[PDB]
Amino acid sequence: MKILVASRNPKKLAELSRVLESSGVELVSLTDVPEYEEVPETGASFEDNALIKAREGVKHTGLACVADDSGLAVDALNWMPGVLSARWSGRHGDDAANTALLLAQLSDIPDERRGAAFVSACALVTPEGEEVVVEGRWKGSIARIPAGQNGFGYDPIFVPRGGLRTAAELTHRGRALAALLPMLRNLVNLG
Amino acid sequence: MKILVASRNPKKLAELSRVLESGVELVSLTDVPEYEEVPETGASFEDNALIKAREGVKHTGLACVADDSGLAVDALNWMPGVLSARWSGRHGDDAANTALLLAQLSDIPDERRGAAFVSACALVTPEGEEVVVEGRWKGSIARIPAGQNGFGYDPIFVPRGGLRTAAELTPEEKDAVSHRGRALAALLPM
Amino acid sequence: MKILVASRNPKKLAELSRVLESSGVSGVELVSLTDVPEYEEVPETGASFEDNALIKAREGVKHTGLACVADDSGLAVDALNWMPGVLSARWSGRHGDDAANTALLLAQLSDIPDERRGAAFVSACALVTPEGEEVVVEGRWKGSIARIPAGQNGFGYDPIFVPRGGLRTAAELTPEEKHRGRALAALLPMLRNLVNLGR
Amino acid sequence: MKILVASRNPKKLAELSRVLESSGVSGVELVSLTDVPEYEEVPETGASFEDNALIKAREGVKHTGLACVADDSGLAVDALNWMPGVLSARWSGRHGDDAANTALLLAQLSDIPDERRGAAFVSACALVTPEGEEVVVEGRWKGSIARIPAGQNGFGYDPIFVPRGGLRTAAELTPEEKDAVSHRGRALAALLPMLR
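If you read the sequences in order, they're chains X, E, R and A.
Quick note: the first sequence uses my numbering, first residue 352, plus one each step.
Quick note: the second sequence uses my numbering, first residue 99, plus one each step.
Quick note: the third sequence uses my numbering, first residue -11, plus one each step.
Quick note: the fourth sequence uses my numbering, first residue -4, plus one each step.
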C-alpha cells in the first residue's frame, strides 16, 4: 500500500521505512506528488496541526497520510513556542535567534517555574476518514544560559528532567530507554 | 532489569510481557509494598500517567511505566477525562456513565459532538527522566447506544471515518485500529 | 435608544435599568426576547461563559439590529476542567432538577481531597453593538466544593459551594452577611472601574 | 476602613477614589504601595490576567492585613495560545520597548490569514479581603491583529490592535471613541449577576 508522508525531508521517510519493519508499504513524499499550498500553523497543539497536515495530504492524493509536528512547549509561555517553535523569533529557521528570544522572555523567571517539554506529534488519516494522532513529550526545563554543542534548535537551552545537563551537552541509560520505550507504545491501545 | 508496571491488574502485566517478545523482568504494584494511590482529576491523561509513574519510582527505585485512558468530549471541555470510569458518580457503572453523557449532550448537533478515545502512557526512570506519550482516536458521540462488542463508552463512540460505533466493530476491525496506533507511536521522532 | 437584553426574565431587565439610572444614562429602553420575534437559540457547550455570552449577544444583534446584552452564569470546578461550565443548570442531564445536579457533582468528586476541590461561581456579560463591537466581562467568586450540603438560604449549587475565606457554604450565609457588606460595597465598584478596556 | 491598592501609580488610587464617591461609600481610606513597606513583587508568567491579579491582591493582604485590589492587563492573541498574556509589556524580552514588542508580534504572525488573527485587549482586577474572600473580574475587548501599524493616538499594542466592528486600529480611534469603550466595559462589569 502507498502511504503519503507529508514531508519533503527524506530523513523522515528513511526513519519511517526502517521503523515500519518493526511489511509491504510503499512510502511517497510530497516531492513525489504535485505541490500544493501549505496552510500556516498557529497555536500550541502539535496534535491538531499534525492532523491538519495529514488531512491535506489525503485530500490532494487519496492516499493514507502520515504527518508530523514537533517543537517546544514552555509552561510560562502557556505552552508556546508551540507550533511556532521554528519561527519563534519571527525569523524562520534561525535557531540562535529563536533561543535568544526565549531566554530574554524568561530572563526573570526562577528555575522552579521554567518547566518545559520537547514535543513530537504524529497523525495518520486514512482515505476512509479514520483519524489517529499520537504525541510524545520529553519533560524538562529551560536553562538560563546555553550550553553544549551537540545539538540543534533549542537543545542548548533544554534541560531534560533527571539531570542538570542540557540536551546539547548529551553524547547504561541507553539500555534502560531502549527496553522501556516499546512498553510505552504497547500500553497505548486505542481499540 | 526490573521495570515496575504501575498497575494491580494482572491481565495488564501479562499482556505487557507478551509485547516484550530482553532480560527484563516486569514487576507489578502487588509485588512491591502497597502504597496509597492518589485520586485522579481533570482532563489530562498525560499528567495523570506521569503522576502514577513518578509514584512508582518514588516507592521502588525502579523505572516505572504507568497508563491512563478514557474519553475526551469537546462539548465537556475534554471531560469525562480521567473521571471517565466514574462519570455518573459511581465507579464501574458503564451503562450509567454512558446514559449521563447522552443526557448531558441531548440537544447538541452532530457538528459539535466531537470526541476522542485517549490512552496515555508514561515512563519515569530511577534518575528522574520523564517521557509521556498519548494516542487519540478521533470520533464523535452517538445519540443512541448501538452494538454489544465493547466496554465503557464503546456503544456511543463513533470513530471518524464511519457511522458505526466502536461497540459495533468486529475484533478484526478493532485490531487494525490498535496496530496503526502503535505504528504511529514508534514513528515519533522524539 | 433601544437595547435588546437576551433574556426572558423581566427581573434581569429591571436590574440593568437600575444600573443605567445609577450610571447616569438616559433615554434607553430595554426590550426582551419576548419583544422581538422568536429566533432559534443555539444550545450551549463547554466551559467558557464569556464565549457563550458573546454568541448569544451576536445572535441578538443579528435578528434585531439593536445593541444586545447577554449573560451566562454557572459553576466552574477545577477537578472537572472547569465544567459544569455552561451545562451547570443541566449538569445531571435535565434542566431544572437542582438537587440532582448537586448530588451528581458531589458524587463525581466524592474522593477528591479538600486541596483539589477548588471551584468558582462565574457570571459573564457580553455586549455586541450594531456596528459589530464586542466586549465581554466576567466575574469569578472563588471557593471550593463542600463534601456535604449545608444551609437553607440558597438555590442551585449554593448548599455545596464554600466561598474562599470561610468553611460555610453559600447557602449557610445569613441575609445580614449580604461588616462583610460594607467591605464588599466599597470594593465591588473598584473592580468595576479598574476594568479599563479602551485604555 | 483602609483598602490597599496594589499599585505605585498614584493615578490608580485617584480613579478608584472617584468611584467610591460615585458609589457613595463613606469612611473608606485608600492606601497605595508607597504608603506600606516595600515587599518583593514576584514576576508574572502565563496567559491568565485573572490569576496574576489574584496573586498580587493576595500578597497585599498578606503584608498589610488590609483588603487589597490589584489589576493586570495586556494582549491575548488566539494564534499564540492567548499570549503575549502577562508578558505583554516585555514580549520582545525588553520591558517597555513597544516598537520591539509590536514588530516581533507582527513578525511572528506574518502570513497568518485574517480569519485566524483574532485577539483581545484584556483588563483584569482582583479583590482579596482580610478574611480571605476572593473575587476577580476581567473585561475583554475583542478584535484582531493588524498586518501593519497605523495611528498615533495610543501606546503599546494600540497601533496593531483592530477592534471588532471596524477596520481602524485602536490608535486610530478618537478620544471620544476610546471613552465609550471603557464606559460600556464598566457598565457590563456593574451588570454581572454574581456581583449580587
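Honestly, the hints are just simulated from the structure, not real lab data.
Wrong hints could be hidden among the right ones.
[To be verified] Not the full set, but computed from the structure, chain A residues with beta-carbon under 7 Å of chain X:
{"hint": "1", "residue": "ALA74"}
{"hint": "2", "residue": "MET78"}
{"hint": "3", "residue": "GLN103"}
{"hint": "4", "residue": "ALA145"}
A virtual CB, placed ideally from N, CA and C, is assigned to each residue, including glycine.
Hints, one by one, checked against the model:
Evaluation of the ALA74/A hint against chain X yields a held restraint, the C-beta minimum of about 4 Å falling below 7 Å. The beta carbon of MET78/A is positioned within 7 Å of a beta carbon in chain X (closest approach about 5 Å), and the interface hint is therefore held. Interface restraint check: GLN103/A against chain X, minimum CB-CB distance 5 Å, threshold 7 Å, status holds. Taking 7 Å as the C-beta cut-off, the interface hint given for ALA145/A is violated, the closest approach to chain X being about 20 Å.
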